[PDB]
Amino acid sequence: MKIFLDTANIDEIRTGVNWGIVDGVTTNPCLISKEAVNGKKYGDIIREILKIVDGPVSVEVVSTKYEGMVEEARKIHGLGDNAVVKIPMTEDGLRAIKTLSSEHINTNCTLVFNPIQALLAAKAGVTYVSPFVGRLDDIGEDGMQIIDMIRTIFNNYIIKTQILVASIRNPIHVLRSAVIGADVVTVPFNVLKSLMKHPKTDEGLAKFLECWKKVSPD
Amino acid sequence: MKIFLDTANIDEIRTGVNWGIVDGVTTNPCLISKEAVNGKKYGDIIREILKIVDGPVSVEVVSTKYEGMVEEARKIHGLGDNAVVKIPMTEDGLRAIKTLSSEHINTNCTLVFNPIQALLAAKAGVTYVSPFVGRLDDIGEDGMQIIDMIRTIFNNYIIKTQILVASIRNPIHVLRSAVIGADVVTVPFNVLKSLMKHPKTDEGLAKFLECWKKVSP
Amino acid sequence: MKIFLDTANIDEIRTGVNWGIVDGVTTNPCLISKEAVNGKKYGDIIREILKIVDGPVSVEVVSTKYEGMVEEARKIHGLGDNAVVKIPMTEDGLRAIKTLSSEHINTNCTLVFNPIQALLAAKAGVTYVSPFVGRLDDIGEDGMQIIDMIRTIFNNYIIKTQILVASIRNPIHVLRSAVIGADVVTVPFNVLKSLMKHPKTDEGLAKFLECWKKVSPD
Amino acid sequence: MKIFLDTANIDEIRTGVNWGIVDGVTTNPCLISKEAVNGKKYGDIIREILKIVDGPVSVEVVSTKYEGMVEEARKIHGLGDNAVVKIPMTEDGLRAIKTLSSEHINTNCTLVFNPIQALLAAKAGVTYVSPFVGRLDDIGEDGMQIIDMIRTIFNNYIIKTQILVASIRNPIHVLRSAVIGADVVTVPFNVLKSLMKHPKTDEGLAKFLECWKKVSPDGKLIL
Amino acid sequence: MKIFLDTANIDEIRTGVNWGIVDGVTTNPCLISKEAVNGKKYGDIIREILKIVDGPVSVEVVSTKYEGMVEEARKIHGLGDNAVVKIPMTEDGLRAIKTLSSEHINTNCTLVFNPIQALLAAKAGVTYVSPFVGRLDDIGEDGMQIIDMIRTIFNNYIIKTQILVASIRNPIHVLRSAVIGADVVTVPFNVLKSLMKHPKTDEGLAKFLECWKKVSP
Amino acid sequence: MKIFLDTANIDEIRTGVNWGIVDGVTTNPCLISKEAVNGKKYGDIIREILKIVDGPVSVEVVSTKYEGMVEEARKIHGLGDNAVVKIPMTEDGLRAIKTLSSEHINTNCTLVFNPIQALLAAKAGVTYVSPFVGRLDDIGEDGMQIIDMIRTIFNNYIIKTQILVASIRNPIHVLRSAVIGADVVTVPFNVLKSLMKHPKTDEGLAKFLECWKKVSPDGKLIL
Amino acid sequence: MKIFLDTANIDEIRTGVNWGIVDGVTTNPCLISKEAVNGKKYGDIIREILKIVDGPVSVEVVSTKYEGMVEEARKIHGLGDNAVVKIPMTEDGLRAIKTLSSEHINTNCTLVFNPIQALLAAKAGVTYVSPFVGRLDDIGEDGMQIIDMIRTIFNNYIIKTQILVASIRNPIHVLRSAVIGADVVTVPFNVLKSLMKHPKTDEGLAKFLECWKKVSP
Amino acid sequence: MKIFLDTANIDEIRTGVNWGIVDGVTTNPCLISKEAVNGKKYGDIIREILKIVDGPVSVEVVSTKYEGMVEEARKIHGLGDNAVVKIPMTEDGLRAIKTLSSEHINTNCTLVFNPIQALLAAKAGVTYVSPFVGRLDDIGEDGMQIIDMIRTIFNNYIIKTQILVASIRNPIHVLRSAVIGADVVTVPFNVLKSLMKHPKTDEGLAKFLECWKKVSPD
Amino acid sequence: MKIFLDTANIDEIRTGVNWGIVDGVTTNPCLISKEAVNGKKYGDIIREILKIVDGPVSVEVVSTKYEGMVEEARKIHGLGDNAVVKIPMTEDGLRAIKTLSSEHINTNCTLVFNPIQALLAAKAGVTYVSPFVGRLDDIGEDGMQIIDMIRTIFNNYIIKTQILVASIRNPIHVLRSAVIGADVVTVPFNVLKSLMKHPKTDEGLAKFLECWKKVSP
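Residue numbers (PDB author numbering), protein chains in the order written: chain A, 1 to 218; chain B, 1 to 217; chain D, 1 to 218; chain C, 1 to 223; chain B', 1 to 217; chain C', 1 to 223; chain E, 1 to 217; chain D', 1 to 218; chain E', 1 to 217. A prime marks a further copy of an entry chain.
So here's chain A without its partners, still in its complex pose:
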């Protein structure tokens, strides 16, 4: 399972990249606007992420119509070979995805909330589909169940679109994604750093530390 970081915070990205466990980054206009303050510009934030991240970097189009989406996508593509054009699950967005896939431009279909939307994105040739588990949790539906169904549907038809679990809120979203077999998770930095941690790991290290000071004082 690949692990992407779901942020536009450059320090978070650099920190997690340095850890070696970050395979890519996903951004969206809301994540970018949180960082484009006090003089920082949306165009520089995107360019810096692309430079620091060896892996896929998803960048969301802001046009809502087919022609504007395809124009933006080609410019986003031109920013670097690792850029992935993020496009929402809409009729115009499915049209844009089909055109871009035929142009060999990698795409990521976002704002997916049920398995049939994910299937429609895959039928257009999308490289990634991003169902939003946490927003389903927010409205009283276990969001991971949709990941499970998408995984079964994709396996039934040998679909090559990668399942990118998005809107992740806690480490159990991550665990269930891995057990289900989703291709990718994208996580906030606070979730990312918790994944390495466990109280019995800490207790174990102090235990070995005290044992090491018995045979080697220094």
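A couple of the hints might just be wrong.
DSBU-like, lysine-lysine: derived pairs with alpha carbons at most 35 Å apart [to be verified]:
| # | chain 1 | residue 1 | chain 2 | residue 2 |
| --- | --- | --- | --- | --- |
| 1 | B | 40 | B | 123 |
| 2 | E' | 123 | E' | 160 |
| 3 | E | 2 | A | 34 |
| 4 | C | 193 | B' | 214 |
| 5 | C' | 2 | D' | 207 |
| 6 | D' | 98 | D' | 207 |
| 7 | C' | 65 | D' | 98 |
| 8 | E' | 75 | E' | 2 |
| 9 | C' | 65 | C | 65 |
Since the hints were derived computationally from the structure, they do not count as laboratory data.
With chain A fixed as given, assemble chains B, D, C, B', C', E, D' and E' onto it according to the hints.
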């Protein structure tokens, strides 16, 4: 999973094809007669649909006898390479499917209501089999369970006939079909249109637009 | 399992009652406005249904604020003992339900889409909760799963609110509701009439009629 | 589980009752006409069955309209207290069941093919509902699955209508009915007779005989 | 779960009763004839068993006709209050069970091989029904599955007939019977003896003895 | 799943073959004697079936001893390449199957009632094994459960013997056989005919006709 | 299922109380320290919540030792009959719970992370047990699993201790607790607000309003 | 599934081979000593079985120490290529199996009662492992559960040791072994002969014989 | 399944090696400190195990920091091609695993307590991952559950990291690991000895011996 449109309404077909999500069309005599009113002839409607749709277009014979069925099927085949001959699950229909299959004419066996009928159509060499889930729902039986058994049966025998889920009434027939692994669903236009929509998609787009306006008024 | 009719059409209601299989009626502002045409007024339609139907008749309030809802609900209660005041799942609706519950006015919480909303309504003392299965189906979620979870939750706590399956679209919603154990279903007229029918019933009648004629020429 | 005989053959009914394993009889116009040949009247056959059978005897109305059904049902009920009026699952039949239930006339709703039909008959107050499992089998649907769902539905709502499995064709219909917990099965006579038999019962009896002859040549139990 | 001993061997019966784990005895013509050799008469063996065993003792009629069965059953009943009349699952056997049951004479229906036969015996009012699991095992069918279905059937109808698992060959028939919830098992003596034993019981007793010797030589 | 016709009635076999849905025929001495009345010889009936049927035709040996079975089997095999020698599940039958399998004569082991019998026939190299599900149903045991176990066993060991479900009585035997994955069913003609039918197929055809008459009064497809 | 508010914020508590859906309140030293800034002290905060909240309100002891816990618990108890004394799962905590249970002082055992700890607290007589599901989630373990096992255990032994699901982070913690059948959930204010909302509810109200406007302007 | 005969009785073996359903033989010191009476010697019995049986014949060593086991096993190997050296599950037995495995002498690890013992034997390179189902049954544990777990374990690691179900007591051990997928069962003669039999087979023969006589008087 | 010995005791290792069932060895700072008393030092203990054990032998680093881990790992690697460098699940540990994996130095990530930690270590290229089942057992959580999930996860993504079940306390840890399909278990010597023993094995040998004595005195 392929998605066909279950209608003869030309406007619906053009709109769905323009959306890029329609892989084929299924018609039947009742769907064609709904459109072939006030001047419009059934022969023009059929031809126009074959012209608009790049993918398979199923056209149903009206004869009930083996000889009439095969002859009508060859006319239908002649209308275009994408024509698929729809044939009902009857004794003559099965004979007709075997003959047409040996002639490499693509066929679709319709009015199937249980898995053994679907198996018989496959054994005659049919290209697609069309079990009607919604008509089973109508009579108090969960139609999707027949799709599940057909998938298992076809998997057991490595059967090449495509399962084409017909008589679809709602998006859960579609979801359950994909989870089962049916090769095709054919859907009325009101169902097709709903498959892309979700209230959280809309709400999320409004959130993104609001964020974008803060950074670029 | 009780079977309500989900309509404001007097003819459909009269027909359904004349069959003896209709235990009550659910209405809402859209159902009523469909009949409030060509002279007929919304108030007369409601009073006409209350008269024809011996069982519970649900009538939705149109106010959105707490005080308007309870004032309306009391006027509705005054139309007859079989009236049930239908109130949406909102913060003001939950307060109204609690107030009207203490006044012994029967209530129906509507526009419920997940099991926790159903629980909150029951906690306010509502007589019926009406989850909308067909509107979940419309958005790619099997609406009957919500009924199943609500049934487990209500059984867990011995909750007396009746589950009233609404937004019903086909006879399998009805079958699954009975298998689950929902207390009530409300069905459009077209669904109700289908519930009695089956081709093997018709075939069987015709066979019986042939055998009877071999022994009785009259 | 009660076991009814699904027939109008007097000799079959006499033999089954003699076995002490028959708790009632179900008839229909087709079973009756099968015996109403060569002078035998339909009413005499019915009256004879009502006579020899202590348990419930289902007799079907021939009218298709509500009024004719309630009229025929009162005549059928007047033939004996063990008569059960058999009524098809139709709009008019439901209305007749409700009327007759309020008049304390026992009813049996027949020609039921899915669980919701069964539920509607229960809601009208019917004494028995008779789903046809063999006719479902004929059209490629496992008929016993409908019995299982009816049992669950009835349990859910504490419904007192008895589930009466009909159109029974083989002993597995009977076994599955008993495992599910249907209240009654009605079986043709050939099915009834097979239910008692098993080759290992026959074998075990032959072995028991051989052993006793080793100890008593005349083959008796002298105590 | 009651545990009966399935034998007519007097020595086995005395040993099992002295152990305090035997609640009853089942005999049959083949079990009695095994002992009634070289002078010993079958009538004495039966009487002696009734005297030794406080609990139910099943004795099988030998007549195959209704009238002969009921008459033999009344003699058997007369031999002692703990006598239970064993009757085979036949048409005459069922008639006989109904008659005897109306006379409050305890009965045991034997040679049962499927759950519907067990149900018929219960409907005749039989006190015990004895399905033969080992003879089903012999013919390639898992006999315990019949016990499971009978338990469910009897539970569905609140049936008072006791399920008496017969033709038991090994301790797993016994274990599965208890887990299912059969009212009774009847077991040959070699099986009965093994039910108390376990190698870890023995090993643990040797450990305890060794500990006790350290504190009190 | 192959579908064989379990009969010796020539007219049934002709009709089934014409439908294009019959892949072979199974016979046995009882089915043949049913048609070998009024001058019809048993050998003529067999030869006629072998003639009209392209697929496998199972003919049963009448000898009960090994030698007579292998002798009859060679005569049966010499009648045509589509003949399959049907042999009972006995000690002598297993020995004959092994011999005939080594002589490349196709065999069908019949009268099988549990999965281990089926396994023994497979180990002797038999081409088909025919478990009798209806006869298991008759004695109160769900016969299809044996098919399910045979399928699992055969899958476990990659056994190439085909599972041929016999003693079929209803369309649910056929449906369950297909869901399990048995290689072949053999069915009586009445069962075969029912498999194509369903009331909703009939209804849907009547509706299609009514719609076309609204658009073409003569009822044709003029293209 | 009862629903408590997991906060010491008076304005959150005051808003949820008015809604009619908050049956009680849980607090802890960290929640109260978040409100005891800028001169506000814990003593007034606790007293004001006990006044607003009709139902149970849990107040945690600060002493880590038995006598301090028990002394502090009687002070907490004296502040109001609805006060429930929160006590951590430790050796001294269990001893304190048992003494307080004998004095009829309602108790709540917190910092419970597995089912056996919860059983231990119930055996001491605790009125509520508070397993922290969110903190199990944090360390890679599905917290709701422990709720499921505690429900089963408590059902097994007919245990009267109420299961109070704590450390709730999202509405699916609430959903799963209701399906399991936990007696209580305690939720943060942001979780509690979301519980009544669903986009199809808002969509439905707009539909009704628009229909009502066509009838009565 | 292979079927071995678990006996040292020449007559039973000869009978079973003459049926063609016996693929080999398992012996042990108790089975052999039962036949080594009235003049017959243990060595002659074994050499006679090796001659009659074309398939694998298991012959148990009598030494308990590593060096005696391998020395015996080599003498046993010298009696014929179809001999299989049976060795108990002990520390010395595991060492012998590993040594004899490298010498390409086929081995059978016997007296196995749980799945980890079976695994350890396979790890030593044993050709067959023989778990004793009936002796587990004797002590109140369903012995077939051990076969099921051993089958899962061997499949997990693609282990080539054949599972040989031993201590078989009835035809359901055989049925469950085949359903599980054990490679081999070894059965006493009384069980083997029952495997072919069934009352419905006999009934069916008699029915066929009656129909044949209606058409052929000879 | 490979079986390693979880000890630094040379006499335990020497005995298990001779048995032919020990495929390797795991050590840790606490196991080695138990043998480095009375003048014996860790350096010789490690070297002597690398000599005896043909298979992999895991040696844990003591530095908590990246550069120290990596430096110590190259020293450990240089002691023998079968040495496997043990590294704890930390930020620096993962970084160290990735560098060492690129240098073709076999690694073992230890102190893993949930499946996502195990996936993180696999993603860094670790050769083995060592989840501690016994220490999960200690804190009231079925440790074997995490092995099950790790097996499933690793199967999902075709992960080559071997699952090495550590902190094993009893033979059922071993049994369940084999049924799950873990690549390796590492066991204490007392657990390893018990694995070959069963009372019915001893009973069976006595039976055979007694029969052999009747044939050949």
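Results of checking the hints against the structure:
1. B:40 with B:123: 38 Å, violated
2. E':123 with E':160: Between residue 123 of chain E' and residue 160 of chain E' the Cα gap is close to 10 Å, so the pair holds against 35 Å.
3. E:2 with A:34: The hint is violated at about 38 Å.
4. C:193 with B':214: With Cα atoms ~72 Å apart, residue 193 of chain C and residue 214 of chain B' exceed 35 Å; violated.
5. C':2 with D':207: Within the cut-off at roughly 27 Å; holds.
6. D':98 with D':207: 57 Å, violated
7. C':65 with D':98: Given that 35 Å is the threshold and the Cα spacing comes to 49 Å, the pair is violated.
8. E':75 with E':2: 26 Å, holds
9. C':65 with C:65: With Cα atoms ~67 Å apart, residue 65 of chain C' and residue 65 of chain C exceed 35 Å; violated.
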